[PDB]
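Colleague: Single-letter residue listing:
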Amino acid sequence: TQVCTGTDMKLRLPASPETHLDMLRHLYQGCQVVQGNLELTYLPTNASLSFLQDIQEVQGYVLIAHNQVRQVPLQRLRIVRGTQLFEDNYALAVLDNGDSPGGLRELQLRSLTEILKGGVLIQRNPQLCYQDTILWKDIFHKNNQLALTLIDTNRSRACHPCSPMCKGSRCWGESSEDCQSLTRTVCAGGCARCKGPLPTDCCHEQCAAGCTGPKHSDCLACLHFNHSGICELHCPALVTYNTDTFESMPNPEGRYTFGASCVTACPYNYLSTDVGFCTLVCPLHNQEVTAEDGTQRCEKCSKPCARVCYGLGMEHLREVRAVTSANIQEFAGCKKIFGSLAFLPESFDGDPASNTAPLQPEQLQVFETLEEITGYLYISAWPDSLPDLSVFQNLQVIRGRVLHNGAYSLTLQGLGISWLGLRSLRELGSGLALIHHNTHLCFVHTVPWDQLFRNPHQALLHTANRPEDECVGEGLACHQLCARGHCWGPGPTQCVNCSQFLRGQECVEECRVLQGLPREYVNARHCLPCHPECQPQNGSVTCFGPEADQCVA
Amino acid sequence: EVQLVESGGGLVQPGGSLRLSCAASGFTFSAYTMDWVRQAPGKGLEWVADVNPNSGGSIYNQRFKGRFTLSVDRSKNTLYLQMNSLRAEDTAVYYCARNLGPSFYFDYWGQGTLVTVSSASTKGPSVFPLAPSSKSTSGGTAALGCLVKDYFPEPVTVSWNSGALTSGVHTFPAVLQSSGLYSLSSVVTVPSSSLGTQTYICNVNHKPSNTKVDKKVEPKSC
Amino acid sequence: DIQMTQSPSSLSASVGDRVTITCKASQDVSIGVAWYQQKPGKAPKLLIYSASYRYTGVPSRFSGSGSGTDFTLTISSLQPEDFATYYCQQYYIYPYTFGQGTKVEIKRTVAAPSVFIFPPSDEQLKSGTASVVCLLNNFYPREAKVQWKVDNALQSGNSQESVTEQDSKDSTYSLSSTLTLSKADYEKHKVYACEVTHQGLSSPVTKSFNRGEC
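Chains as they are written, first to last, in PDB author numbering: chain A, 23 to 121, 133 to 586; chain C, 1 to 52, 52A, 53 to 82, 82A to 82C, 83 to 99, 99A to 99B, 100 to 216; chain B, 1 to 214.
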């Protein structure tokens, strides 16, 4: 998959510094376009970053801060768009990269040619050379009056001169292959971009970063939209009009807008709108419904929208950081929550600022009916009287449209829970899972983490948990009645996939049909007690169904 | 918060061309259908056109198709409305609303930039005093005022005695004459016991014409 | 095209009454009808959609109804903030056409105007044209017919009227009829008069003006 959602985490410290380099690699591996921000923060000096060699396009900004790596291999990145900016002013931010000595040594951005919107921020880098020898105006867009240069030139080492074979002195490295390709300040006439000085070498008006010819199907990047190799200005409409009567007829060439490309259908986790936009949230007077196949769709409604529940970051909870006792009553009977759910340390104990009562462990029973979360789940505190997360038994799917820190969709931190708690969690739509620094945490490696993910960019990061050798040597090892050794925790319950038969929520063996007081009928390996008040039998099947007609008498 | 601001309004000759813009903010631009509505002075509302941000497919009105031209610039959340071959019926305020779902009803209208078309040039207001008659007493109260005539374009602000007198002043809305020029009347009611004592001056200010002509109001010697 | 017609085109009511406004279409627009509100000088705002559902952020003193060809917008209790023009609209089929408007304004008792007549100034004899004013002041309701006469005969096609907006202190209107004829046409008659008729006046008072002693 070449479309990977980026991270949303500024200079803020990581959750688990040990499993951080394993978080960047499990997210930008085999990716070419980043639908978000590219943030490279808090990397050790000897970290290997070979997985960042294929990044080409970034929708958001580029953040490179607090790193001791000598080289960042982002040599094949052409265009950064800048839909959202760092401090609302910058599109490229290289800060605080310093301690043979460690720290960033060279920028190594050889193909950067177009920044549509934003600025560049380079401050406090002692080991960085060649940072002020680049004509940054060329890389900035023609329609960008926000292009402000803030470059710090405080260096702790002596730099080398650029390669003499380079025409001028604009180089990103000392080697001969580190020159800069001037594109905009060398054009002849009113050409926004040109591959050379000749007017015939001018690029098409839809070329973003450059061109390999005069045509409109060979731009290095598409300025507005990418129509399967055709740099267009708009995606083809989803409907055609009679233009006299103006009637609606479906267009077989209808494409949907998804970032900077035209797509036949919206991606798996996204939503398709009648206007022709791949959304994560339906617009006003629209509604999210499931089609016959099972895909997600934003569909209109004449009647007012049904009352839905909202979580953190959503309509009236856009600024709440954790679930307190003030908003705990809102999630009453909500079979679906539009938004996230966070439990910070300040949730189960009252806040001195206000008269906030602390979260009693019996108040968390309102979540015993929740079945779907469209955002992340973040539990960094949990009562010690509750051994697991058994309040989320009915939680089936966490879609992860909104990700905590921009990467994680299921995070547990310092809980001290017993095994896992999460019984029926069967799907993580997007974002990684991070279960770390829980001392009494067993049952981590025995979860079908591949049967819950939905894309190759999802993974499981875990560290500083209970050692596995101590977990097995206690009699807690996925009781064998669970099929294929996939268990959620100790007991006849917590089996991910049953092997023989079910009796309610617990994994059981051959039913009590022939030797039980309630006579049962096995429907897809499910013991179900039915009262045989027609004919007491002693080893024969009494009832075929729950109705009176199916009874023996 | 969603807020829309229009621009491009002004005054042009018949047949002239204009281009109104409508920048959007506070909501996802490429998620709603954007619209233009107009209202003639003292008349009802009339839907003008319909644009789509993603595809660009514009839906016009039969009375406007061919003359108007819509556009969308998602790089700066801006709408464009190209008006060509403007006639004398195209003087109105041009709203800029948005669709909730692509059924044609509106919730968040713009500000209503004004477009006016006329062949009249800029002329200063000629202030004409209306002296109170000898039989202008209604029982102890009289009336007086000045008359601006043949001024273009709107508006004109009128003041009495440098703004000291504001109780009882009635400024009438400007009415367009058959010659294509505007004319309104400003009057004030004064008690008849004080007529030859107060020196009454009417202060007409024309900003497009840079006119500050003042005319005294003295009772007529009947 | 569909003609979207409201009835009545003007209405007066006091604070606390019940206001009913009806809109009618020429085609089946059963549930494709909205409603709006425009105060003088500011942009319209949505009130009702689907002819029976309020918009988010709208008070509860609004209840649309009606399906097919008859529609109705009703306010249970009036407040000194909803005195404006109410439009109806159809979006069921192309084209989408608004109504003509319904003006709702505060009611009070009848007030009689103070009729006036103003001799034209002297600086305008040399200009070429003449103008005579038939000033009214502080009357209610708005309906009032004003016609001129040149010594025997009413004029037509030469009198433009102008009425100000409502007043926030006494809620009365002002009317100013401006006769316009040339100076050459002015210096050939002797009596210029304008006739004012109002509901509150039992007698049609007339303000005669003399072209002589002035």
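Think of the hints as simulated: they come from the structure by calculation, not from any bench.
Hints may be right or wrong, so weigh each one.
Pulled a few chain C residues facing chain B out of the computed Cβ check, cut under 7 Å [claimed, not checked]: (1) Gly44; (2) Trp47; (3) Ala49; (4) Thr160; (5) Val163; (6) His164; (7) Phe166; (8) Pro167; (9) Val169; (10) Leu175; (11) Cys216.
Not everything, but these chain A residues come out facing chain C in the computed CB check (under 10 Å) [to be verified]: (12) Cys268; (13) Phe279; (14) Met282; (15) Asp307.
Don't be surprised by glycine CBs; every beta carbon is placed ideally from N, CA and C.
Colleague: Look at each hint and say if it fits the structure.
Modeller: Structure-based check of all given hints:
Annotation: interface hint on C/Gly44 holds; nearest CB of chain B at approximately 5 Å, less than 7 Å. Annotation: interface hint on C/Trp47 holds; nearest CB of chain B at approximately 5 Å, less than 7 Å. Restraint check, C/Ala49 versus chain B: the minimum CB separation of about 11 Å is more than 7 Å; hint violated. The closest approach between the C-beta of C/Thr160 and any C-beta of chain B is roughly 12 Å, which is over the 7 Å cut-off, so the hint fails.
The beta carbon of C/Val163 comes no nearer than 11 Å to any beta carbon in chain B, farther than 7 Å, and the hint placing it at the interface is violated. About 5 Å separates the beta-carbon of C/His164 from the nearest beta-carbon of chain B, less than 7 Å, and the hint is met. Hint status for C/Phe166 relative to chain B: holds, with the closest Cβ pair at about 4 Å, below 7 Å. Because the smallest distance between the Cβ of C/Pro167 and any Cβ of chain B comes to about 6 Å, under 7 Å, the interface hint for this residue holds.
A hinted interface residue such as C/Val169 counts as satisfied when its beta carbon comes closer than 7 Å to some beta carbon of chain B; here the least separation is about 5 Å, so the hint holds. A least Cβ separation of about 12 Å between C/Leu175 and chain B goes past the 7 Å threshold, and the interface hint is therefore violated. Taking 7 Å as the C-beta contact cut-off toward chain B, the hint placing C/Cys216 at the interface holds, the least distance being around 6 Å. Against a cut-off of 10 Å between C-beta atoms, the interface hint on A/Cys268 holds, since the closest Cβ of chain C lies about 6 Å away.
A hinted interface residue such as A/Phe279 counts as satisfied when its beta carbon comes closer than 10 Å to some beta carbon of chain C; here the least separation is about 6 Å, so the hint holds. With its C-beta approaching chain C no nearer than about 12 Å, A/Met282 sits outside the 10 Å limit, and its interface hint is violated. Contact between A/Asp307 and chain C, as hinted, is supported at the beta carbon level, the nearest pair being about 6 Å apart and thus within 10 Å.
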